[PDB]
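This report concerns only the one structure given below.
This part shows chain A:
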Amino acid sequence: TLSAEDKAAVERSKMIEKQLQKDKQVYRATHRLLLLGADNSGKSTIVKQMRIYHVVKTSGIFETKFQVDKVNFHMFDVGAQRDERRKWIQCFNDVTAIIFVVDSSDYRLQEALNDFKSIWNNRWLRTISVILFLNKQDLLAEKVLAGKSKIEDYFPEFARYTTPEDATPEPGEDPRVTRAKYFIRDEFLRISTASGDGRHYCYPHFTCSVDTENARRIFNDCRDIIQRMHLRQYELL
Partner candidate 1 sequence: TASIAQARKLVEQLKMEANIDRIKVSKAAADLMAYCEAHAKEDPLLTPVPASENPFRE
Partner candidate 2 sequence: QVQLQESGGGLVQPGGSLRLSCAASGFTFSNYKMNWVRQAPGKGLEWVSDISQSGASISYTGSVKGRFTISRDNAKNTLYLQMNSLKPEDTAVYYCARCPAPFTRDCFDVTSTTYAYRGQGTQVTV
């Protein structure tokens, strides 16, 4: 019934819809990740390690594709934007997780707490889970073993804080290092547990500056996020 031009237009529309089906498959099979973190955080070394192990100076977004088993991950590092993030961050409403990298060794990390609180409580980023990489664990160990700077100077709660029995320290690390680590973790968890209400979850991980396990960590807790999403939509969780 269509005119030949309407017929050719529908045929072009169908070829475009077939390409869009194929791209729906590629897109929906990819886990998009937003990598956040202050300049002191080793988020650059994290992208570098994953760029090596797996798969224009104004450029405001850096993508590293990486792959774990068959799951493709696109991880986005927001480089050449301004410090004001409240508008561009809204783009990432859809990402599977935000990887929030903290320099655990620099007690500037109250700024990292404030950034985490903002990311966690934002109306467009609630329902997005945060993979919290407490990075620079080696520098934190050195920092607290040297004893020249003390966390209670920056967080008065640390004088009272006692290491939880949930802690699974490394066999060789000092209990002071453990207590510092888990205090920092539990401050971020305090923020996550204040307001997530089960819509999104925080996944703390203790990472060294270069630590090949990190891509597995992101794979595991992306699998956990996707499982939790499925259980939520089945009303089971």
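The set was built so that all candidates are chains of the complex that A comes from, given by their letters.
To be clear about the criterion, a contact is a pair of C-beta atoms (placed from the backbone, for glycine too) under 8 Å apart; a residue touches a chain by one contact, two chains touch by 3 or more; residues count from 1.
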Practice item. Name the candidate, out of 1 or 2, that touches chain A somewhere in the complex. Key: 2
Exercise for review: Using the touch definition up top, name the residues of chain A that touch candidate 2 in the complex.
Suggested key: 82-86, 89, 110-111, 114, 117-118, 121-123, 154-157
